[PDB]
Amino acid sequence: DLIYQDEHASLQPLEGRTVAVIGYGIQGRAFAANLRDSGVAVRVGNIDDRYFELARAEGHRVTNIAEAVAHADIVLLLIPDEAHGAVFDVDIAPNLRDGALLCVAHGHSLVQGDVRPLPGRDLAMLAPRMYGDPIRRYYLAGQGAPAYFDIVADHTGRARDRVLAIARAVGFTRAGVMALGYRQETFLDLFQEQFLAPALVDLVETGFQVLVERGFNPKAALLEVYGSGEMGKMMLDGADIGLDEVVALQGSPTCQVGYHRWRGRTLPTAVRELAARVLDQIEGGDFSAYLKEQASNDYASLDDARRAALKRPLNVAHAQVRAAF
């Protein structure tokens, strides 16, 4: 495994170079803010909207995307993946200076083919593992977000040092920056969204329903299941020292005994089989198909699931809790 930190990365490759940040959302504003604080010359490329006005008002050298790319050596494409293909073809590819570098913040856009290698220019992924605002927090708190990187096209032979110079300027090198293919990163993102995320909430919901069906106070049921933030905190503390280690160091004897009675025995094999069924759907291409179909409806059936979800006892109870507290 190949993991770079502050000692293995240098700010030298950015000296006298202009970085263009495309977008000024939760991702864009964080990168832009850190780069500037690290002494990197940063321009903001953005469309005529509210986000553009914010960048100008916060002192950044802000123009339309095309202008920003023309006046830049490293370009950071930090807008939604839905916009990449169009912006890439019209703004980026035509104006990208000879020997310049293009970076995306995950592999979604590269796997889709919306962003592609260009003869005479470098292309990379530099994907923080924390989305948006934390990147700004961690940085100002002397820390940084862990990140993956992949050199897609190294037509200069300078991509790696420049990629890691950005990674360092933004703070990612402090935690550490590991090498991993954009394709695998994309499949981990989708897997977290399609198996893990739903399965946590389904489980949380199952606990709520069983308590309510057994005549426990619904507001209290929801509060303990996740409403407290206690389940939230455990999973954040777990990321530091380990999930079992949280129970050992923080938990009481009555808690530890009870936890360990059911640890490794709550799930039938059926769960494992679905985790593989979900991966099949991502690697095989069955999801890539599913998604295109939703987008053709204008995400009509998605907006039904949005509204269907809020009718569920859990989301009914949540509204009743927030109102009361």
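Definition used throughout: the rigid core is the maximal C-alpha set that superposes within 1.5 Å between two forms. Positions refer to the first chain, counted from 1. First, how it differs from the form deposited in another entry.
- Hinge residue, chosen from 186, 101, 164, 69: the C-alphas switch from fitting one rigid part better to fitting the other at 186 when the forms are compared between these two forms.
- A two-part rigid-body description fits the chain between these two forms; in it the smaller part is rotated by 13 degrees against the larger.
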Second form
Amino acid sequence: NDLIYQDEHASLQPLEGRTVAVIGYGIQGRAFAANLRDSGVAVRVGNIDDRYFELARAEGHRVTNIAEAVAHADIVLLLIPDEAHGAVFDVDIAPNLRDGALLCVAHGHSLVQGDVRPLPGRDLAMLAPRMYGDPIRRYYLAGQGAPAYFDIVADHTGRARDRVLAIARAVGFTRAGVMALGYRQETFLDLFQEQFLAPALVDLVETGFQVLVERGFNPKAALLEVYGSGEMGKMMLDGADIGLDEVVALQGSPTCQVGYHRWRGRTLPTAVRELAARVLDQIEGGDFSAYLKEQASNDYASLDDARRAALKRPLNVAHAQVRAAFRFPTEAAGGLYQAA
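Taking the form deposited in one PDB entry as the starting point, write out the structure of the form deposited in another entry.
Below you will find a single chain and nothing else.
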């Protein structure tokens, strides 16, 4: 059956007198580094010479090049982009990773592609959060956490498991649950969410917007209804708690419930299911890996073009107009990652 660790199944004892090198200070790196520090764990940041290095220094961390961070650490968290794992692993990590040290990745992709490998005398694990940084940090400060998947890939020490789960406890994942799952299955699940589900959800919101605008509806009202009001986001996030069909049962007017249940299970043709299968085949069969390696070279120039093009889509032009005219509920983020 499933193996799920919560607070009662993990301790910070294994991190006593140990230094964690957080490699990278991006979406994941910044949240791990902040949460580890506030949990009373000795933390160092290893980063290349870019804005994240300066940010780590600004937020009161000990910041060096990656090689120096790895050399001075008992546990190394490789929280940089997956395509950068190969070169950073071979040049900066492997040569400096001490005897009996633990290397952790937060995604199985580099393990699947063979860019990160078990090293003699050393431990290798995946601790893969099911959430991005800002929520991981906000949850942690409220005494809450996001779920994670973990895999002990190589355990020379025999202590990898408790050290990985101690990191997971210190960063807050054990407040939700840390489930045993193979790095291979994590990779395919994770890439599936990013390549089928997220695009298809945004494509559908966009489809609702475009059809309403085509048929003479107020573009601001169209944008608000399909997501801009936050209603669809609230339904999906409350749904994570009580279930999606249950949100409609509890929070829906009878008119809303009658309409919802008329089309529930009837909106999507078989082609959607088939395209999801096609995306999974591309992820598993090496097609996506080749596409990603291509896109990575020239420092993701293609991705930059795609990002700028997206902002000029009618949906995102309409978003800008709505957000200028309607105040959205936000929380102050100033010093969110400074010491607690």
